[PDB]
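A.B. asks: One-letter residues, chain by chain:
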Amino acid sequence: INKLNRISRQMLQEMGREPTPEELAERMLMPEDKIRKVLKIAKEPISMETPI
Amino acid sequence: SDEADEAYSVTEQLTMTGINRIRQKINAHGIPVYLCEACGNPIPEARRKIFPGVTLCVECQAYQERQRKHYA
Amino acid sequence: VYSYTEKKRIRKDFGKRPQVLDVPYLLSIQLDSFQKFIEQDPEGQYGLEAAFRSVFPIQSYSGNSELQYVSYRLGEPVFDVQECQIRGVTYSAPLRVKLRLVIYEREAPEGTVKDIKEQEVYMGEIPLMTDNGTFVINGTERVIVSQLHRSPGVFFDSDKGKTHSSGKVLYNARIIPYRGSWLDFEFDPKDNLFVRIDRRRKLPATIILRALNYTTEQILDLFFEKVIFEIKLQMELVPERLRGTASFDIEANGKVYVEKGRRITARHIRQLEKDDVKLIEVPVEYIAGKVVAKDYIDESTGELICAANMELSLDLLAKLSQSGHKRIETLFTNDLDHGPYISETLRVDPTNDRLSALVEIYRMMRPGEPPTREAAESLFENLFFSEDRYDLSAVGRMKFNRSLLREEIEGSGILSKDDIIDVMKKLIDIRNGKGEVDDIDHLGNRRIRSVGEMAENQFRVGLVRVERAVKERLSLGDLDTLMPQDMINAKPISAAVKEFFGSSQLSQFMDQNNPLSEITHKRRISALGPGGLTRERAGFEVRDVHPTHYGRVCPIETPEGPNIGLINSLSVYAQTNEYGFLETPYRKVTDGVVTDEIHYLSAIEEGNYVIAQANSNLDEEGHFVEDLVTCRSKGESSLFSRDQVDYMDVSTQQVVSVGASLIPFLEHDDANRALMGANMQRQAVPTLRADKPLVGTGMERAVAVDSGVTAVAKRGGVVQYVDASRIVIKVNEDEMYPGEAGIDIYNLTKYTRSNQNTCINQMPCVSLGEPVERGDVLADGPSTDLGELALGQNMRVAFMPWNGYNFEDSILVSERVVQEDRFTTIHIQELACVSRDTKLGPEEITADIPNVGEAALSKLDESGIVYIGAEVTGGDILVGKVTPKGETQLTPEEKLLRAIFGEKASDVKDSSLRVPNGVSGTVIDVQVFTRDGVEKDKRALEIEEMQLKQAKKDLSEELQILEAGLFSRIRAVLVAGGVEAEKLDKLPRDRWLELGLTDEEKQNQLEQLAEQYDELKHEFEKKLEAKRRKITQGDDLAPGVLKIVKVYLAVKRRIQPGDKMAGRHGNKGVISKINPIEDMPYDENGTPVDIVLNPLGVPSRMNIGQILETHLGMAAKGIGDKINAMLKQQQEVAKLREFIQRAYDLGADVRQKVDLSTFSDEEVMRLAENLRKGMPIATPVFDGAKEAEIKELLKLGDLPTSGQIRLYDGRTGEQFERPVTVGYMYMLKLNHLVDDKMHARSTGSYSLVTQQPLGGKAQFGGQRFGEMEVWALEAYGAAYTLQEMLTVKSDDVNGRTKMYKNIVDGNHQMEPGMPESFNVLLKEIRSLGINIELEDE
Ligand SMILES: [Zn+2]
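Respectively, the protein sequence lines represent chains L, N and I.
Start counting at 1 in the first sequence, then tack on 459, and there's your number in the deposited numbering.
Start counting at 1 in the second sequence, then tack on 1, and there's your number in the deposited numbering.
Note that the third sequence covers residues 2 to 232, 236 to 248, 250 to 1342 in the deposited numbering.
Keep in mind that the hints are not guaranteed to be accurate.
[Claimed, not checked] With the Cβ distance kept under 7 angstroms, some of the chain N side facing chain I (calculated, not the full set):
#1 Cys40
#2 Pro43
#3 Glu46
#4 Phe52
#5 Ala63
#6 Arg67
#7 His71
#8 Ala73
[As the list claims (entries may be wrong)] In silico EDC-like cross-links for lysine to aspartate or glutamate, where the CA-CA straight-line distance does not exceed 16 angstroms:
#9 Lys499/L x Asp1041/I
#10 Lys496/I x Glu477/L
#11 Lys70/N x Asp1041/I
#12 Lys499/L x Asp842/I
#13 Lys169/I x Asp6/N
#14 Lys496/I x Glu473/L
#15 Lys844/I x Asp492/L
#16 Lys1073/I x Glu4/N
#17 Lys70/N x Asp342/I
#18 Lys70/N x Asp340/I
#19 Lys1073/I x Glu66/N
#20 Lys70/N x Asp842/I
#21 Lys1057/I x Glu4/N
Hints were generated in silico from the structure; no laboratory data involved.
Quick reminder that beta carbons are idealized off the backbone N, C-alpha and C, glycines included.
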């Protein structure tokens, strides 16, 4: 995940708008499904006491 | 209730209580005192004809008004 | 002279006052403010240039490197606003910033750089504000409300006696900086002046005067007057001092001036000043109470007899007198006017000099640490007089100088000794009775932000975040090949702007109910938000209207409820200062003549002038007609002579907001009724067909045009082609811009969904071959009518009780209004079917759905989606989606059932999208979004080929309309001078860009227009290519979602009981009956009344405006029906011209003039046909129709002057006694519908953690039976009612199911068990260290 963030933070700047996951899997060496599941890994879910 | 009818009652009470305070401060009916209770000076005739029942000449009155303006 | 779209229907206008300043562009705030932000400030002081100049140039660790800002520009977006709203993104622009990096070697700090590097790095995207002042942030349209926050400067405020028991008021003065510490001065109850630095411990106020390097003699020279005694024991006299209750009598020269004990008076003051009394004599005992002024010593030993600020007693008098002392100086410490405060403060003041004072300050600020001389001095100088730690901004210095009454509007940014000594003198002067406190809701203390300034602040925050990383990265290595693209990643700069534009209290969904609601929501000022007060801490302080609100904020318009006065609306002509303070225009008044030119005044300046009233009659030369003209001076209004008045209001409307300027006869309503009426006009949903108000004001055209709902022309011309979707205009040749093709196209916005599910839809107004002029409206927007704001419909209302059917606030509507579809509103709502990939596989949008039996699948096409054209009801399947799942071991008898019928298990849920309950519309549209992985289905390829053909057709049809226009212009160029006029059409149109002509600049014109059509061709080609790329390219859907199908259900809501109608004068109601038309009251002509109203609402709610409006609408409709009768019997235009011109000049000296004599005979028939429903009428806000003109306009029709006709009962037909008032009131359908409210539930969904029924109507929820309802149930005896509301109907998971089984079993008995809320409570107490338990029964 840290490597994905690094490569994306670099590629968006160098490539324009943002790296589409095909573009990351190409720039990285991953198979583009592993990248998609890595993207789909949820993050720090939420406090269920959050206001509405 | 409509939420403006209760507002009407509030405004009515506010204005009426203000009006009657500023009315009670007049004390029109009174006593002929004829001399200042601060400096004993002659309260001039016109001031006793305007305000029947004054207790202060205009100088002591304005003085007291300054203090009661600030407070205490 | 009248505009061509104006002669179509001329609103007759009362309002005798002539209008001098025409109404501004109502959205100047948003658009101007965002202009200043994203715009090339050459001399950078606004917007992005200021932020960039404020962070750059960054300089590296030890100055090895320098990152220098060259310039910026906004890259053009990827999609426009429509494409953003469809695709669902923020419509923004990339912020491409050309930067520069220079690197230095040794011995060349500023010296020659080893090398520099140029590169255009991209730092985030800024959202773009549309042409209406709205943003599109996540596909939805936001508005950023203007904020109203306190400004830097000095504020003088008191506790007004609440704090101390005696009541003695305690005045404080606070210097709030832009950035820095909050110096504050404040009185003690003993009237000692204290100073606190940052809400810290209180110090004596003169401690800081010593910290500024003063001594006691200097302080007493500053704050006091020196009563000088001389020598015996003689007193120099300033006669003004002894105003008076006089100590010593008064005497000079021995005769007399005044005798003692009696109070000193103005006569005796006159006598002393007249007889020129400088020196008098007082005894040795009167000098016993005064205070010494300065140092006094003995020359014999050089010893101090008395310091300064020391009490002067008889012994010290003798001691100075024996020292040959003739002069003595005393503080003139009167008790009333020249109070002694610095004297007592210097008493309490323990320190003496700058050293000890600085040490005291150091101990207060940085406590406990051992101080030094140097550390203390450095801290104090870094408090207020170091430029990098204390900033009165330009606003702050303007307000600080102006508040101290200085004429230096511009100045420093740091404080000074004098800026503190003036503050202290002003404090003491407020305490002495000369001067007043500041008001907090005074609009000279509060300034406005808007999108430009708030967004600029967020961008500066991002820039500081950038500066951190760039400094550190130029700290490490600084190696070559490191460029200004690797050091700056756009994420944390864009992060703040994104978070603000999306997630902020001020970025809020624009209210699109109707145009007026948007215009008000954009012209809105808010005291809330990050930076202004909070709802919890407010008051009681700023909810109140303040005299400085005149002309700046609408006193009427503001929400009633939780925040009154916290959300005001900007006035009509209100503007923003250079500094940010609101202001308003006044026509300047020279000696008596009311000059024409107008100055804008803000609440700070507006006080000290004398400002006449806008309703002040005048001569023709500009003089006043009244000797004493009523004007408002600083706080009050009195009669000033015509010589004194300096300014005059620009108009009568300039005190209201655009919402409350649309109430006719607003002067006759109680102010709160006006508040409610404006707030409810904001809520009127647009009816199916618009209807302009018969009694308006003349504001409607302005509100309709200045909002973006109606398509207005840009250039005059002719309407080449009209259509339900587009208007093509062939410009007048005067306005061609010689490179241009000539014609310009407006594409109407057809049935689309606004934020409130209403339908935005533009209708063409013009027709083929009809002229237009720039500024004329072509397309009527939603809820406008021929260019005017038309919120609801004008109904034939009657005022009378009618059988308890309009009882409290109800309304009795006729079935005829339900038949004419007068209040029928098209609503539009989008329903989304998201197919994601679950942990057992993906879900399909298939039509091979489980159990549902080939009828529900009848609407669905092959791919599973509904057709565009189908009318669904509640329950129908819009998108059939089947989801994977496991087996789940069906219980026996289900096993046995499926074994007997062989209907084996599905394995796949039917989690499909069916229409919500109660809605029944047509499916007007279906958008599909497939992620780039998912291939596509048949419906997706179908919709894509349809959008492809539409895009190609649009581009080509535009290009060929334009080509035909450009060929017309080229042919008009080819009429002379190398002319072909009869063979020009011979050769083909394409053999005209190669057409010959003589060697002029006009064969140059032909070749130019030809190559410019070539430009049209090639750029059309790239348009088609980019369009096909965008239409075909896959979508960037959220993580995990395979595809989203969006259906758009268009429903048509009709009026029904429980709907909430409402008038423009705060008269709101709720339809209770829809009376059959033959059950309603009628007049003697057979005309039922459309709506019946309670006369009781009017006296108590003092809004007689609705009555005057009913009278004026009766008059207007009477005029219009007389016109209709003439126009239907085909009375000649002699008769129409005569009568219409007689009705267009009614009333005493109205400003408007129309002369149908200068009117084409066809333009009087068009105008008549538009006035045949009723003559529109205007009535400016505090200027409109007097009641006598209503009466006259009634006499023009054959209506009765009294306004009350006699009515007959529908059911019996016997005349009502004592006639009733019937006229035309203009009703509005408020967006509080009865089917957006009616909700019910037997048994549905239950919340996960707390096993209660879900909350809300969207969740199909239950009703909150709360604490007070429980007290109401306990106050009866309903012990069982309560036990089941709390156990079985709410929370008892095992007893709710048994109750259901019993109720369907027909056995109404509950075994309640125990609530799940108490079980969770017991476990949560047990999960602390407490052991709680339920004893043996
Ligand atoms: Zn006196």
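A.B. asks: Look at each hint and say if it fits the structure.
C.D. replies: Hints versus structure:
no., hint, in the structure
1, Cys40, "holds, 4 angstroms"
2, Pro43, "violated, 11 angstroms"
3, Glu46, "violated, 16 angstroms"
4, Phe52, "violated, 19 angstroms"
5, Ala63, "violated, 10 angstroms"
6, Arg67, "holds, 6 angstroms"
7, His71, "holds, 6 angstroms"
8, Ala73, "holds, 4 angstroms"
9, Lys499/L x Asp1041/I, "holds, 14 angstroms"
10, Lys496/I x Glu477/L, "holds, 11 angstroms"
11, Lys70/N x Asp1041/I, "violated, 70 angstroms"
12, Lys499/L x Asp842/I, "holds, 11 angstroms"
13, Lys169/I x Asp6/N, "violated, 37 angstroms"
14, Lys496/I x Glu473/L, "holds, 13 angstroms"
15, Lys844/I x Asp492/L, "holds, 15 angstroms"
16, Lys1073/I x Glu4/N, "holds, 12 angstroms"
17, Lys70/N x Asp342/I, "holds, 13 angstroms"
18, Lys70/N x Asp340/I, "holds, 14 angstroms"
19, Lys1073/I x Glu66/N, "violated, 49 angstroms"
20, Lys70/N x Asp842/I, "violated, 76 angstroms"
21, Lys1057/I x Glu4/N, "violated, 32 angstroms"
Checked against the numbered hints above, the structure violates hints 2, 3, 4, 5, 11, 13, 19, 20, 21; every other hint is satisfied.
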